[PDB]
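Student: Given next are the chains, with one letter for each unit.
There are 2 protein chains.
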Amino acid sequence: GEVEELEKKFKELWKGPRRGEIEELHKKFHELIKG
Amino acid sequence: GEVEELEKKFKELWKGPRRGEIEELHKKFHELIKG
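Protein sequences appear in the order of chains A and B.
According to PDB author numbering, the first sequence holds residues 1 to 35 in order.
According to PDB author numbering, the second sequence holds residues 1 to 35 in order.
Warning: the hint list may mix true and false statements.
Here are the simulated DSSO-like cross-link-like pairs (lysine-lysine), alpha carbons at most 27 Å apart as the crow flies [claimed, not checked]:
1. B:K9 with A:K34
2. B:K27 with A:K15
3. A:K15 with A:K27
4. A:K9 with B:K9
5. A:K15 with B:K9
6. B:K8 with A:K11
7. B:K15 with A:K34
No lab work stands behind these hints: they were computed from the structure.
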């Protein structure tokens, strides 16, 4: 197990369950790890 | 199950397994869902 898990949960939440709440979390990830 | 799954896998990959590869994926998420 490496990072393929976080990526799969990503495209799986946009196409399946809700979506607006998912991309909202992505914005949080930008303020979570910065760049 | 809603979005708490993607968030947990997030902070779990930074603090546990590798990390540089995780934040790298986050950049991909920005080009994955745009804003």
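Student: For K9 of chain B and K34 of chain A, compute the direct alpha-carbon distance and say whether it is at most 27 Å.
Tutor: Distance ~17 Å between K9 of chain B and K34 of chain A Cα, so the pair holds.
Student: Is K15 of chain A close enough to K27 of chain A, meaning Cα to Cα at most 27 Å?
Tutor: 18 Å, holds
Student: Mind checking the alpha carbons of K15 of chain B and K34 of chain A for me, to see if they're no more than 27 Å apart?
Tutor: Holds - the C-alpha atoms of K34 of chain A and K15 of chain B are around 15 Å apart, at most 27 Å.
Student: Is the Cα-Cα distance between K27 of chain B and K15 of chain A 27 Å or less?
Tutor: 19 Å, holds
Student: Holds or violated: are the alpha carbons of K15 of chain A and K9 of chain B at most 27 Å from each other?
Tutor: 18 Å, holds
Student: Hey, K8 of chain B versus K11 of chain A, does the alpha-carbon distance stay inside 27 Å?
Tutor: 15 Å, holds
Student: Measure nothing beyond the straight line between the CA atoms of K9 of chain A and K9 of chain B; if it is 27 Å or shorter, mark the hint as holding.
Tutor: 8 Å, holds
The structure agrees with every numbered hint stated previously.
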